[PDB]
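6 protein chains.
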Amino acid sequence: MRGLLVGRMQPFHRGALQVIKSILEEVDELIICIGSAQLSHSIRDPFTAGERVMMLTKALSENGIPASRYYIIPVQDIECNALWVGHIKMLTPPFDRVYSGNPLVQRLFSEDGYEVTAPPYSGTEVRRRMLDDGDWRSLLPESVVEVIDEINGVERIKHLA
Amino acid sequence: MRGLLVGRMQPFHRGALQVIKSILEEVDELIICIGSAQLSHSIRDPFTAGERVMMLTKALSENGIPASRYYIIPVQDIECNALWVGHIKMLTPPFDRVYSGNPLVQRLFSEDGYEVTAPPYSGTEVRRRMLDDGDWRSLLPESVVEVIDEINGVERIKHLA
Amino acid sequence: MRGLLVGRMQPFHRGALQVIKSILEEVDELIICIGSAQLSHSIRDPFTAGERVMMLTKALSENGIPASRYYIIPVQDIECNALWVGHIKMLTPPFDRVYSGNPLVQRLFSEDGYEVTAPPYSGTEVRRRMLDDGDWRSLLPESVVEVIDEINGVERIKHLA
Amino acid sequence: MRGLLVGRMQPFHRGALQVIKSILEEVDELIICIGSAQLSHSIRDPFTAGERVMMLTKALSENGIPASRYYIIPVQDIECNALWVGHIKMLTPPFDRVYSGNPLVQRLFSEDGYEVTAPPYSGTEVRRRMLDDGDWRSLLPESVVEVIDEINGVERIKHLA
Amino acid sequence: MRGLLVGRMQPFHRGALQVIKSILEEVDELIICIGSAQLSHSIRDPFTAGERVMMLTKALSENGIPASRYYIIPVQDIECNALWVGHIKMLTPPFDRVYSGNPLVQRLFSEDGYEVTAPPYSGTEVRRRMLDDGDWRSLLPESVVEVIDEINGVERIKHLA
Amino acid sequence: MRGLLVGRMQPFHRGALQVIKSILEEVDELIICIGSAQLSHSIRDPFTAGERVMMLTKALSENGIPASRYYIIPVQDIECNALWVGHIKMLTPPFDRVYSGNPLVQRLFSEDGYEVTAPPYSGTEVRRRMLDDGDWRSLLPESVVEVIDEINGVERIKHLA
Ligand SMILES: NC(=O)c1ccc[n+]([C@@H]2O[C@H](COP(=O)(O)O)[C@@H](O)[C@H]2O)c1
Ligand SMILES: NC(=O)c1ccc[n+]([C@@H]2O[C@H](COP(=O)(O)O)[C@@H](O)[C@H]2O)c1
Ligand SMILES: NC(=O)c1ccc[n+]([C@@H]2O[C@H](COP(=O)(O)O)[C@@H](O)[C@H]2O)c1
Ligand SMILES: NC(=O)c1ccc[n+]([C@@H]2O[C@H](COP(=O)(O)O)[C@@H](O)[C@H]2O)c1
Ligand SMILES: NC(=O)c1ccc[n+]([C@@H]2O[C@H](COP(=O)(O)O)[C@@H](O)[C@H]2O)c1
Ligand SMILES: NC(=O)c1ccc[n+]([C@@H]2O[C@H](COP(=O)(O)O)[C@@H](O)[C@H]2O)c1
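Protein chains in written order, with our numbering: chain B, 1 to 161; chain D, 1 to 161; chain F, 1 to 161; chain L, 1 to 161; chain G, 1 to 161; chain E, 1 to 161.
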């Protein structure tokens with residue numbers, strides 16, 4: 001019983017961590033696809049796929065979730081939405097259910113015959129607070145804040161803006 | 001102390017498993033990049049990236065190596081060799097040493113300033129035995145043989161040939 | 001005497017059908033290129049190229065226009081506008097005149113030395129009525145409405161929105 | 001009842017025409033996909049997709065097959081074999097059976113759940129005779145020979161060689 | 001001592017010429033990269049890379065700057081910002097300093113370890129005056145105005161708009 | 001009166017230099033396109049486009065040819081031969097004649113309506129001597145040998161082999 005979740009994780013926030021835990025209550029393993037793995041250094045997508053892999057890895061580990069319970073797979077975007085589901089399939093282990101609140105992701109997997117569950121704190125809010133010197137830290141697990149400090153994430157986002 | 005190993009894993013054999021174990025003796029974690037993640041269904045590259053993720057995952061787990069000791073990241077190839085190292089960096093956590101016996105991989109990482117260690121049983125031999133009805137099973141961990149049977153790998157390779 | 005018309009046909013409406021008929025009065029055959037053949041499942045481009053081929057095919061046939069009078073060729077977009085005309089040429093039979101009301105299409109073919117005729121009811125209006133439950137059906141040939149019902153087009157566009 | 005046939009048609013020969021006729025005995029319409037639509041001016045792929053569309057169009061028409069019985073759709077190749085079937089689907093009307101003698105095409109459609117029928121005179125032979133001044137004309141329908149003369153096909157292939 | 005400057009040059013204006021001269025006071029040679037070399041015929045990017053090469057070439061020559069003092073290299077954009085610096089490196093001679101006022105360009109080269117100097121009259125203003133019949137000519141070197149007249153640049157931009 | 005020459009220049013040899021000089025006797029300026037600008041670090045294409053720009057630049061300068069007499073423009077390859085000529089046009093200043101001994105290049109430009117002149121010492125021979133420790137230096141201008149030593153070209157080619 002393997003589920004699949006897709007998200008840009010720009011950056012990985014508390015809400016996403018919560019949803020991952022709830023998901024792990026109903027499936028044995030979870031494939032966590034980091035979408036738009038090719039985008040970085042922009043206002044909407046500040047971090048590279050590798051940096052996000054670290055954010056997810058450190059955060060899940062720090063929250064006690066065993067590494068054997070999930071797969072972290074960066075997935076580049078493609079121009080043709082009609083092939084994106086096949087694109088994901090080709091890069092991942094088999095899965096039974098898909099979790100997403102993204103209308104496009106839901107519709108594509110749904111048309112493909114997959115059971116789509118929408119999940120029961122938004123990157124936008126987080127990146128906006130980093131830019132306006134608001135309180136972004138409280139919206140993220142401490143392990144993630146730590147990675148962002150280590151890679152100079154705020155310094156990057158501010159210079160880009 | 002994180003190392004990086006790159007290979008097509010078509011399919012993941014005993015020799016590669018042995019090398020992974022030896023590598024894990026000198027580094028804390030190992031990033032295992034599955035190269036040519038975009039190629040599948042050909043004589044040289046029979047399996048999709050997702051199928052190889054399963055082969056690696058099951059095999060490492062079955063050999064007792066904890067999931068927290070490694071990262072499995074499928075990496076698509078790119079046309080420009082000159083950017084491939086940056087391509088890998090962008091998709092992965094930071095690493096200190098690179099392990100490879102592939103001249104091209106060694107040279108590219110070397111020119112980039114990385115310390116390249118060549119590893120102390122070849123996909124070609126394995127795929128050739130699958131095609132000629134030779135003894136391919138003995139060259140692979142049993143968990144891998146199991147995945148290949150589950151996905152009808154031999155049936156696929158024979159029809160393609 | 002072969003003409004060429006390019007359009008996204010998202011979806012194929014009454015106005016476009018009318019223009020096609022008028023065009024067929026002055027040329028023997030018409031090459032109908034379905035532009036942006038790679039885009040689907042978005043607000044501006046709901047339908048795949050194949051679905052649009054069906055919309056065009058059924059509609060022209062239903063309006064009595066013989067199949068031998070035209071060619072339906074899906075054309076993917078390319079990043080470089082400067083090569084798009086050559087792109088179209090490479091995928092199509094030879095043509096003498098180009099019909100379009102799209103400034104970009106007119107300018108590109110014009111710079112290439114082609115005679116461009118602007119045609120003597122807009123996808124946008126159609127898709128907006130599908131979304132707002134307005135009267136979209138009356139803007140389209142009945143064969144097209146039929147295809148949209150068969151492929152659940154409205155259900156798709158609403159979920160995406 | 002719609003079938004699908006895929007081929008490079010470099011150039012369209014007598015054997016392929018024969019197979020198309022036999023296929024049209026068991027299905028109402030046939031989607032004829034011209035594969036490798038992006039390749040031209042090489043020894044293995046001399047002609048552009050548009051030139052092949054003309055070869056097919058003229059030949060089928062000349063052999064009395066009504067235009068309403070088929071669809072000619074040029075299809076560009078893609079790097080990932082795993083997505084090629086979805087690629088074809090996205091560009092075409094729905095189909096029930098697939099006809100091919102190409103192992104790769106058969107395997108891909110088969111894995112996708114499609115019924116694949118292998119067809120009951122080879123481009124290679126044709127192009128080899130064009131190059132060695134052998135008898136290529138007899139291997140092709142006269143309408144095709146005519147198109148090749150009109151576009152200077154032999155002159156092209158010889159200069160390239 | 002070689003510097004590097006990157007810009008779209010849509011079109012090459014007086015301000016950019018001034019900056020190039022000042023730059024040539026502190027470095028022996030200057031690599032001038034024409035960014036977005038693949039974009040043309042749009043409101044933001046009217047001219048092809050080749051047309052811009054002519055604008056730069058004629059203007060620098062006309063202002064007395066010796067050809068041996070610079071390199072004009074058109075550079076296509078790429079999707080992954082993380083590899084763009086390596087992309088530039090691969091296409092150019094070695095350079096010691098980078099000059100730019102573009103935050104993204106500055107940040108990318110900075111993260112790569114390069115010394116970035118922001119330069120001590122904007123394409124947007126120029127293109128806006130061409131469209132509104134304002135005074136665009138005075139914002140450009142006369143050699144550039146001449147190239148634009150020769151290629152019918154204004155006629156193009158107006159038709160596109 | 002501007003001519004155009006295309007070559008991979010892997011590496012730039014004496015014969016190519018000779019041809020460039022002869023060409024400069026019949027045209028005012030010469031556009032020298034470095035083909036396959038995206039390929040590097042392989043047996044057939046050892047050097048990056050930037051390294052080749054240096055080889056050409058230094059060699060022409062050293063042979064007394066004024067920089068104002070030519071343009072060095074790296075050109076990436078594209079999959080569709082049918083668009084390659086338009087690709088070159090888009091990246092370059094206008095030209096009147098094309099010089100090449102490459103059948104494909106000759107045929108493509110010829111079909112496009114261009115006057116193609118075949119030129120009145122082969123990279124292959126040069127790279128083979130670098131690999132077999134033969135006498136490669138004598139086949140190249142000294143400025144080129146110098147660049148190769150500076151970038152460790154032989155060390156690279158040998159490791160790759
Ligand atoms: N490449 C595609 O065609 C395509 C289609 C749907 C979703 N996606 C990706 O799914 C991810 C979903 O991200 P979020 O819901 O966090 O925005 C994004 O990275 C998005 O780009 C990709
Ligand atoms: N895309 C590239 O330019 C490039 C350069 C070097 C190696 N690779 C990849 O590294 C992997 C190494 O594989 P093996 O040593 O098992 O063959 C392959 O997947 C290869 O394609 C990619
Ligand atoms: N790929 C390109 O560079 C390019 C240039 C001009 C037009 N087109 C296509 O032409 C079609 C024209 O569509 P409409 O006029 O219906 O919008 C579109 O599909 C558009 O994308 C493509
Ligand atoms: N782009 C792909 O991944 C892919 C996979 C299988 C077949 N094809 C195409 O199918 C066609 C079959 O051609 P023939 O059997 O005549 O060779 C070819 O154009 C081939 O390139 C494409
Ligand atoms: N392709 C990329 O990822 C990327 C990243 C940064 C800048 N660029 C280019 O740098 C150039 C800078 O142009 P300007 O500062 O004149 O706008 C542009 O052509 C821009 O597209 C490219
Ligand atoms: N990208 C293409 O479709 C295409 C077509 C013809 C030639 N070329 C290039 O022209 C150059 C000619 O090189 P040489 O004659 O030295 O081999 C090469 O870089 C070749 O790749 C590119």
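It is possible that part of the hints are untrue.
Note that the list lumps identical chains together, so a pair holds whenever it fits in one copy or between two copies.
[Stated by the list, open to error] Below, in silico cross-link-like pairs of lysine to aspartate or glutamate (DMTMM-like), each with a Cα-Cα straight-line distance of 20 Å or less: (1) 89 - 111; (2) 21 - 132; (3) 58 - 112; (4) 58 - 29; (5) 58 - 96; (6) 158 - 135; (7) 89 - 149; (8) 21 - 142; (9) 158 - 28; (10) 89 - 25.
For the record, the hints were derived by calculation from the structure and aren't laboratory data.
Evaluate residue 58 and residue 29 at a C-alpha cut-off of 20 Å and name the case that applies: within, between, both or neither. both (18 Å within a copy, 13 Å between copies)
If the cutoff is 20 Å on CA atoms, where do residue 89 and residue 111 land: within, between, both or neither? Let me know, please. This pair counts as both: shortest intra-copy Cα distance 14 Å, inter-copy 13 Å.
Taking 20 Å as the upper bound on the Cα-Cα distance, should residue 158 and residue 135 be classified as within, between, both, or neither? Classified as within; 15 Å inside a copy, 36 Å across copies.
Within a copy, between copies, both or neither: which one fits residue 58 and residue 112 at a CA-CA cutoff of 20 Å? Answer is neither; intra-copy 33 Å and inter-copy 25 Å both fail.
Indicate which option fits the pair residue 21, residue 132 if close means a Cα-Cα distance not exceeding 20 Å: within, between, both or neither. neither (30 Å within a copy, 38 Å between copies)
At most 20 Å between C-alpha atoms: does residue 21 with residue 142 qualify within a copy, between copies, both, or neither? within (17 Å within a copy, 32 Å between copies)
When no copy is named, should residue 89 and residue 149 be tagged within, between, both, or neither for a Cα gap of at most 20 Å? Cα proximity of residue 89 and residue 149: across copies only (19 Å, versus 34 Å in one copy).
Checking residue 158 and residue 28: alpha-carbon separation at most 20 Å within a copy, between copies, both or neither? neither (40 Å within a copy, 33 Å between copies)
Since the copies are identical, ignore which copy is meant and state whether residue 58 and residue 96 lie within 20 Å (CA to CA) inside a copy, between copies, both or neither. For residue 58 and residue 96, only the inter-copy Cα distance (18 Å) is at most 20 Å; the intra-copy one is 26 Å.
20 Å Cα threshold - placement of residue 25 relative to residue 89: neither (23 Å within a copy, 33 Å between copies)
Checked against the numbered hints given earlier, this structure breaks hints 2, 3, 9 and 10; the rest are met.
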